[PDB]
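Below you'll find only one chain, the form deposited in one PDB entry, shown as structure tokens.
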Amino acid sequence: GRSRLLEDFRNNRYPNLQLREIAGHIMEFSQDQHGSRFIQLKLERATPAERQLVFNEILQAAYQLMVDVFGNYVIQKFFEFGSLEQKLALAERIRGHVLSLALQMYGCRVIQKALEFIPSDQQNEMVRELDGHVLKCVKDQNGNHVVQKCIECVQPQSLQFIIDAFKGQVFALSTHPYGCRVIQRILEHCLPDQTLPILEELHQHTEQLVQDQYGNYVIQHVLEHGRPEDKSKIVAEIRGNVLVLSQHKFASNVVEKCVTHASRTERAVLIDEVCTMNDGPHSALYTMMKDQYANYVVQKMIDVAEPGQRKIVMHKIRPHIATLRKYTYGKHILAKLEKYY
């Protein structure tokens, strides 16, 4: 099965083996773990002629290397360190196979690398091959990384068909484990005509989303990178629910990003909400202090409060200082206190 040169290579009998010595043997070495490593090592620092000898033998059977557990790294190197003509010729071997490669455990790493290094002409052809399988790729554990890469690498206008597919389905995909990744990328790289409709669906489902295992991340993303108009829509959704959302394992993270990224006014209003409104005998603030998640909100509020409003939080906390000690999460508030005493 393995050629003598390969076995003898494996068997450690050529510590001085050079690329030129494995002529006629690239495909075999490429599909072998040590051989493949050998080839990669030698490539990052090989003369264009050496790199060309190696290419000549992988071009025809390229696809086979792209879907190989060991060969995919060799292809990838040519996409990184190869030549403009070499990258274009592999781009051709890929044509008509973008879909099946992007759903492939190993192939999809090659599609990702190709998208980073080819011209927009070839990018746009690759993308177009996904026309009609947007949700299939987004839900696939291989495919979704290709869709994220497209979004990061290709002109936003070539991605309009991905948008068309997310339309009406944004809530579904934001609570999905891969889809929430793609939604975020669209928010970062897509055009106003594109992020607009998506932002609308997001605002429509903020209540559910902030509480969702994956959805909260999309809401936090908007808070950290979005337009003030969008940040405020979200903040308004937290208003009046600060206490409850803070005690939630997922929503409490979004509450923090609210306190942190909200306008001066909106921040003061949120902090005041739990200073003022009561939760039974003592205020919302006190209940939050004792809670496994809420105590993190308290501390972050202490962090970003204007010096004047920090005074008010401190005064509300102060009467309980001695009793906080007796609570698992209150203790941690005492910690943040020292910083400011």
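Residue numbers count along the first chain shown, from 1. In this text, rigid core is short for the largest set of C-alphas that superpose within 1.5 Å between two forms. What changes on going to the form deposited in another entry:
In the core-aligned comparison between these two forms, the C-alpha of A262 is the only one from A262, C150, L101, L130 that shifts by 2 Å or more.
After superposition on the rigid core, displacement of the C-alpha of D303 between these two forms amounts to 2 Å or more.
Positional change of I271 between these two forms reaches 2 Å or more at the C-alpha, relative to the superposed core.
Here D291 counts as shifted, since its C-alpha moves by at least 2 Å between these two forms after the core is aligned.
Please could you give me the other form, the form deposited in another entry, since above is the form deposited in one PDB entry?
No partner chains or extra molecules come along with it, only the chain itself.
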């Protein structure tokens, strides 16, 4: 259903075709695979007035391009290099479609690009349309990215409805593929008063989360970027289980971060547990040093352990070298242990 001029363009019958020249066809070229690219590149080094000529032809049926496989690129360009006015107009064409577009394979982009470039006032307007639909968005393959961009670009006090939406859902969403990524954004960007009710629910389930394919990434984040009081809680839930969680494919990464981020005093108590403890008819460190996952925790322990504590652990391992040497899940520990012969 193309046009002569467009078929024409595809036949390379215009090696030097200009923007000014496809006027009255901006809409048709925007929904074409080559036409759209063409416009996209001509816009990148076009004059303001020229871009305006194109902008005019895409404004009215702007929503149609926003959800089009090829036109989602053209609208985006205007959000990146367009004038303030052009952006407020596009944002105006978005008003009332925010939700549908945030869940659309192509629209979600546009929404994300717009959230990154429009002023706070227009961002706050756009974000409201999502209130009451936050979970549906988080669980959507396209929507989770939008919810996510809001948190990164929009003022925190405008995202209060996001926090409320998570009320009694933190556990359910931490063990969700997209939900965990959103929660980590919240922990990184939302305010102190807002993050508190989220952390409260995580602590309540902290044990089940270190063992989840996703949950263990949320707890690791608290340890790497959270408040000491928060870290303290986690390490306290890990204590008494250092040995077993260290060998778990998922929780072992958390105990790793615990040994690395906890407080002095706590760090010494984690080393003391595995040191003053025994596994089978064999040493606790013996099991960890040759284990696929636990071996990293011992490495972490050797580094952060303090003089007195550190030799102890070296006196615990020294009797098992011959064995350690033949374990590739053991060439870094060993390596430590040699640094002081």
